[PDB]
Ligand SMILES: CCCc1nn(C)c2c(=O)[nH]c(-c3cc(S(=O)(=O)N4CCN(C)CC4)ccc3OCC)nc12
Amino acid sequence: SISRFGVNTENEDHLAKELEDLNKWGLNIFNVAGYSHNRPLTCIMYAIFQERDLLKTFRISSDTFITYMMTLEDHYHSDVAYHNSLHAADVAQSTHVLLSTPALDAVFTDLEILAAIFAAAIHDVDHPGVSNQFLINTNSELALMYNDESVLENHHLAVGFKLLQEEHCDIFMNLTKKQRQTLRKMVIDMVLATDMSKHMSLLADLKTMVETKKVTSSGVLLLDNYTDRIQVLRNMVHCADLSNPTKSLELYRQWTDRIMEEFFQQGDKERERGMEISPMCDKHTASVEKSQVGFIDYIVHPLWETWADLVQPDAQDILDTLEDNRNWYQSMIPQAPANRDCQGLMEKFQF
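Now that the sequence is in front of us, could you give the structure of that chain alone in the form deposited without the named molecule?
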């Protein structure tokens, strides 16, 4: 209901224009946030669920859905530069687009589609704007609870599911016990997979799958067993999570400005607490351009190249944009002279 969003007819008309790109890679989620009183995750998720008739299929009332989504979205930190609800909204919408790629047509069940989009929506909830290592190094209660392993990722999941218990928030109330068990299994799998420390293993497994790749007479992929389906889904969400460099430059630049701002803020916290500054977190040493080029060359491109292979020729335009964006950043490198976590990777592979 538009009233729950507090949007007037004028901005509702603006949103109607923006949402024409709901099923497109070119959707501008920044504009959606601007016309929805900064509730891009709830707005885009509502639009997605309506578009896919998910509310109908799973007997989720608009009331329960919006209440839960607004609750979830409010648990993202609006003062965190990158890992906020705008990023979650972007990953959710990007996942929604990837799910409809021709090569995957009719491959996934409605429960798997629900699980993937839900996973994308909650994958960074209650993110503090600092890395797992920062939490571990400060002897954070969170790190102690999760034994220093995928600390934030485990937390995002715990929060995402815990919020279903708040008043009028159980969007899975009408799923069968079996469906809830299966969806929960898949969501946990996908969110845990967003831990950048698992990237290399994910890509390797994905490549191994592309080898045994099977298609139909029309070209559609064939995934008849659960293990292969969840493997594609976990990589799909991971790709959506790493899709910023594949969007139009106007968007990509904003995403980059944001992640750097977030890294710099962690750097400020480290300096404030007498800690050594983490890689990429010192604005007076960080090479933004070099870092993006290196990150694309060693992490993003390899991943998307593999995904494109799996769904060829579906993701060709994405690869072209990624290439153009990479070369733009390489050109922007101030005319100069001659680990296993995002921050460490960006510093290591720095071009």
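We call the rigid core whatever largest set of C-alpha positions still superposes within 1.5 Å between the two forms. Numbering follows the first chain given and starts at 1. What changes on going to the form deposited with the named molecule bound:
Rigid core superposed between the two forms, residues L164, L144, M275, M173 considered: the one with a C-alpha shift of 2 Å or more is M275.
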Contents of the next structure:
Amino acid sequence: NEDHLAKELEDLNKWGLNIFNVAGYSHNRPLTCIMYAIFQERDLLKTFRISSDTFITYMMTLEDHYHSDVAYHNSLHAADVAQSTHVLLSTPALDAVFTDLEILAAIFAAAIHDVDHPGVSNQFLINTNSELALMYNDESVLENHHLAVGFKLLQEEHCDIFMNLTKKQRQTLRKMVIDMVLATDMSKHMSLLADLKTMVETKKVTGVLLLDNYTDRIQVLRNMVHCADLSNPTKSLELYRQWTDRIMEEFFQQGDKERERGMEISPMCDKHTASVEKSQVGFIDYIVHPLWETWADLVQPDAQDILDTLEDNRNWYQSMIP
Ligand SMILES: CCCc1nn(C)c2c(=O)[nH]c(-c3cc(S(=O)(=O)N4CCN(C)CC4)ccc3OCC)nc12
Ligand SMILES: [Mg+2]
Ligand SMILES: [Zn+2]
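Since we've got the form deposited without the named molecule here, give me the form deposited with the named molecule bound too.
Full complex below, order starting with the chain above.
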């Protein structure tokens, strides 16, 4: 259970990495593990002078703030999203486009984007008057929280992995990370899809994309991490079904919490009524495919592989409904 880990890590730069396998061969530290692997592969610890033991201790601690008892939003998902972002950042069509600071930001954001997630939605927290909804005034409650926890763990010197960055670089990195994580709030999905469509319709090239200013670059990065977040169904069917099983256990866990309390249960989180299979088809047709077809458009043909699989998996789930 150490050579197996290195064998699985050869696919670090591939969509086909199996994060459940690395979780198993890493003594259940998939996020610490994958984040160290990625930072080395990109020479980020050297480029930004991050001490290796500082990095390990931060990551072990960030990972410890992902809850083991939530089915989906644990450190396995942060790891999956970080690694998925790492791959999209290498898409040939975006080759030389982002600074190393922008690259650092995207990967760090992916790693923290769901830290301390309680396993319930923004809507539940708001309708139960939770302390978190009061803190954040019902706006992007969880996403604001995830950013707060992530940045709060940097406050201590033994853990400030951004210590040797310029003062200006910490401000831009912080502005960028805030922007990317807030962009994972699913109630911003349509707003993000619309803007991504506008950039496809006005795209320049060389065959590498032209992004004139910051507003363009961070708008791609927001959509990248959102795509990474919502990339489960574009993975090979074996992985996608494990993710489907996790997310649905979590959602049914929440509908049970809604039933215990007499509030109305949303059809999709109802374990007595809801079809797992039909809800995945709907999830794909109305959210995931519209988004990944557009991302595919922006980077074509780099993402055509992902789009075929997405479509294949979609058809597999459709033909599992009676
Ligand atoms: C119903 C789709 C189930 C599902 N499978 N997978 C793999 C995912 C996923 O990665 N994300 C989400 C997801 C969906 C919404 S949703 O907007 O489609 N939606 C809100 C209203 N409820 C009642 C249902 C879900 C909101 C947040 C999510 O995950 C955290 C980012 N759902 C699934
Ligand atoms: Mg989230
Ligand atoms: Zn997420």
